[PDB]
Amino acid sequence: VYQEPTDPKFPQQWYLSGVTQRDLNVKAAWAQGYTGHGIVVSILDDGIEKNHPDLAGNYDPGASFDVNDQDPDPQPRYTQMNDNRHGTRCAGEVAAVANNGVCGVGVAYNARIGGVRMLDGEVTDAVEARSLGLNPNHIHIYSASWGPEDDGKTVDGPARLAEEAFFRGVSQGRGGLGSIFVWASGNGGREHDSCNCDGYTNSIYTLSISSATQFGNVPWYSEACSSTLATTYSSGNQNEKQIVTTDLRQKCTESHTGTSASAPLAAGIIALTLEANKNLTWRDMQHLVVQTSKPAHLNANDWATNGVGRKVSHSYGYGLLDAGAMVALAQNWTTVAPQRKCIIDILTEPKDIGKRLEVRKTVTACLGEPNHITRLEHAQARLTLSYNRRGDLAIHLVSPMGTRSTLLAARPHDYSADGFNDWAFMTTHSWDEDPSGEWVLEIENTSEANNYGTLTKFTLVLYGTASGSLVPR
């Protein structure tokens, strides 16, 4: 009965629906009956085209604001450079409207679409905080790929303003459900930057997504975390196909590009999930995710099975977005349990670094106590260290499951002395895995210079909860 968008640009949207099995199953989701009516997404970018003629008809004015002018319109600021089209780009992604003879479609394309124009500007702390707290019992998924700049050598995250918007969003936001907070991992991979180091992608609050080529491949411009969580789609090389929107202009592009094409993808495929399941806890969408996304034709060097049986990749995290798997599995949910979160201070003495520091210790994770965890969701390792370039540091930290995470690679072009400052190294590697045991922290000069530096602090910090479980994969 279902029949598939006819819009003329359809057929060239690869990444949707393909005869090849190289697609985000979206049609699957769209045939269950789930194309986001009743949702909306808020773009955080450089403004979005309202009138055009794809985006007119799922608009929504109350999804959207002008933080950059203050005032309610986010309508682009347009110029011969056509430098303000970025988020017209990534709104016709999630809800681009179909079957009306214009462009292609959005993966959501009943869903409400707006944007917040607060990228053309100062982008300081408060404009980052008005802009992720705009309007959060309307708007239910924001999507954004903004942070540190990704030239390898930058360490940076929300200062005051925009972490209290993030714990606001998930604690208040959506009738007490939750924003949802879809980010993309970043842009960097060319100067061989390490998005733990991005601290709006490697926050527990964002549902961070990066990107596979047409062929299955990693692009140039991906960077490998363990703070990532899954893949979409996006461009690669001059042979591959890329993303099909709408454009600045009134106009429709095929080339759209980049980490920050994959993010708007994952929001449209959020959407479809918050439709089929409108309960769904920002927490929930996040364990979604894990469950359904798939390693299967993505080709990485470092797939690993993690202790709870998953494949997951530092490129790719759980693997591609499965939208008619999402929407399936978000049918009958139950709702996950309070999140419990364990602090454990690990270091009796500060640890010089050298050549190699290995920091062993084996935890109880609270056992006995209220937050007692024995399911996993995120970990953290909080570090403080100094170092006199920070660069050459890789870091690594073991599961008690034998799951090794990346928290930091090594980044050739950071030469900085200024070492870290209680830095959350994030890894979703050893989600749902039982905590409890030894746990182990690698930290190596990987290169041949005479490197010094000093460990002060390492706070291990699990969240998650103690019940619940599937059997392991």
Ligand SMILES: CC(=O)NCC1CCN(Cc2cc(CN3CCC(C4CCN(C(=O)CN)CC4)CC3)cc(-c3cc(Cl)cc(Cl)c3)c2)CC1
The other form holds:
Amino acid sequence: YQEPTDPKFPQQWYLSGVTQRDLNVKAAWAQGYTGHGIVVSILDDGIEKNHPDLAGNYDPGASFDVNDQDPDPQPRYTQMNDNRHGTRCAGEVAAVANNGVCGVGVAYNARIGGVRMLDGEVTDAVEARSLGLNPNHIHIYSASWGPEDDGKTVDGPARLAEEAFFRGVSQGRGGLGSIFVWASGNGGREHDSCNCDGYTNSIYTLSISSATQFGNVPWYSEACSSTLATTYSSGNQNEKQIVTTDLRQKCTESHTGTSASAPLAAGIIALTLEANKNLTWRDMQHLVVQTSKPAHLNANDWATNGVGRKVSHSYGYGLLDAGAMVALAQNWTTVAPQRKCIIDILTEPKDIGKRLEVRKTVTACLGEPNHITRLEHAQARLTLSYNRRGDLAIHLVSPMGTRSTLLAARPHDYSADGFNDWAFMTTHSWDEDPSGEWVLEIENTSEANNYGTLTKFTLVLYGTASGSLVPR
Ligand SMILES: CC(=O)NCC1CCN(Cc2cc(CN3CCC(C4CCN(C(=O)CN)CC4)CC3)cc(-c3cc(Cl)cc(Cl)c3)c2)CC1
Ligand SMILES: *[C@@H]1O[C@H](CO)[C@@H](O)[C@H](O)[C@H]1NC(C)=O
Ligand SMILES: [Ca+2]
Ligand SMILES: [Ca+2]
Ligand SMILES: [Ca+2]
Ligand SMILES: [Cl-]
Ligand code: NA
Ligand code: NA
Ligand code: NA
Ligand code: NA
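Let me have the form deposited with this ligand bound next, following on from the form solved without this ligand.
Shown next: the complete complex, the earlier chain at its head.
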């Protein structure tokens, strides 16, 4: 195997490193996996399809302009180069290799397109038409953005966009399911808590956070239980950043944020899908859980779950490992059909006050076709009132003792609107048996005499009843 000769490949430290602080992509390339036959679309502000490092891989069938309602996602050029982000992300996935220009994509033989959908008013219809673009041609969608990262918003896909997610994972990709890769957010300095973003909090999105070059949690990171894994991105000014294609046929070394991590993940997922084109959308999440690596990622919340895997709310299961992903994909056995066990927990509304604990012992649909002994995602779907939402912290403890933070205190969130059947999701109990006692904790983290009521708590378990591995 001959590594790429591109002039900035040496600066792509998260791919070209020799110090074990990288995504282990060369190992996948040397196994023969470069993205050939895979199609990725960037949902963003457009794609410079004539960029010298993108044109060779550009796929019009992976592209559309929802903002102007035409097929051509070319960005709108402005003095401030506002609409450059999609071009930066596209190069991370699939910049051409060995062509003397900039660097390379993770999946440098994949085909790449873009949906121009952020340069205009983003409505539910715009979102749905983007998520549902050509779902039997595009394999993987990469989205780096969501509701405002102001630390006070709770929002997610409205009806058309949620229907697009369920159509995508159900009928997309020949019934194997569209793979939606999502950035978990850039709201760290606002103390944002990313389960309040219904796109990344979805079970249908494969959610990705960031690590700095020196292995730390970047200033912009949001912690939450819905994140699955991590890729490298930017940090402080002594740490390197992401090197990729830029608007006006240029090359940048200063692409940043969690919004630069999701495209790298999408590229790794493209390599993995080349290694086994029959992987379902759920198979892909299982591969990420099993192969991601905590080592050398610094956080104070690493905890071992019930099946022996280390998990963090900043990093999920750790750093994506492309070589390990493609190796495990090759002989992967398709997971069993997804079961869903619905448990209505409360017998009466519960005053929250300063603190509320709800304990319930469940059988996880014992005796029924939705019996789950092997969890995937779990949700606590909560309906509650409270006078100042951001003073709440919410935790969910599984029968195996795994504490998932569903919500951390958000100081800027002054809302009096509470949560209206909000489906807080955790990945941290993946592969655990969910039978037994679950504990929900709701706490007022402020000294204020805050007040409200929990009126509904639905525990929703997804998973299967076969195929478990010995714990790690
Ligand atoms: C009842 C009903 O109909 N509600 C409809 C709502 C419509 C809006 N939704 C949230 C939402 C709102 C938004 C737009 N917002 C404004 C700009 C934000 C930055 C500014 C910096 N920036 C650049 O500068 C680029 N050059 C990037 C963009 C992001 C936030 C985007 C999404 C979204 C959805 C999908 Cl699918 C994929 C993706 Cl990538 C992004 C999602 C929630 C539902
Ligand atoms: C894909 O997986 C399904 C489910 O196990 C199986 O029935 C089918 O034969 C597989 N297809 C290929 C091409 O391997
Ligand atoms: Ca256009
Ligand atoms: Ca190149
Ligand atoms: Ca956020
Ligand atoms: Cl469902
Ligand atoms: Na975001
Ligand atoms: Na997700
Ligand atoms: Na534990
Ligand atoms: Na149990």
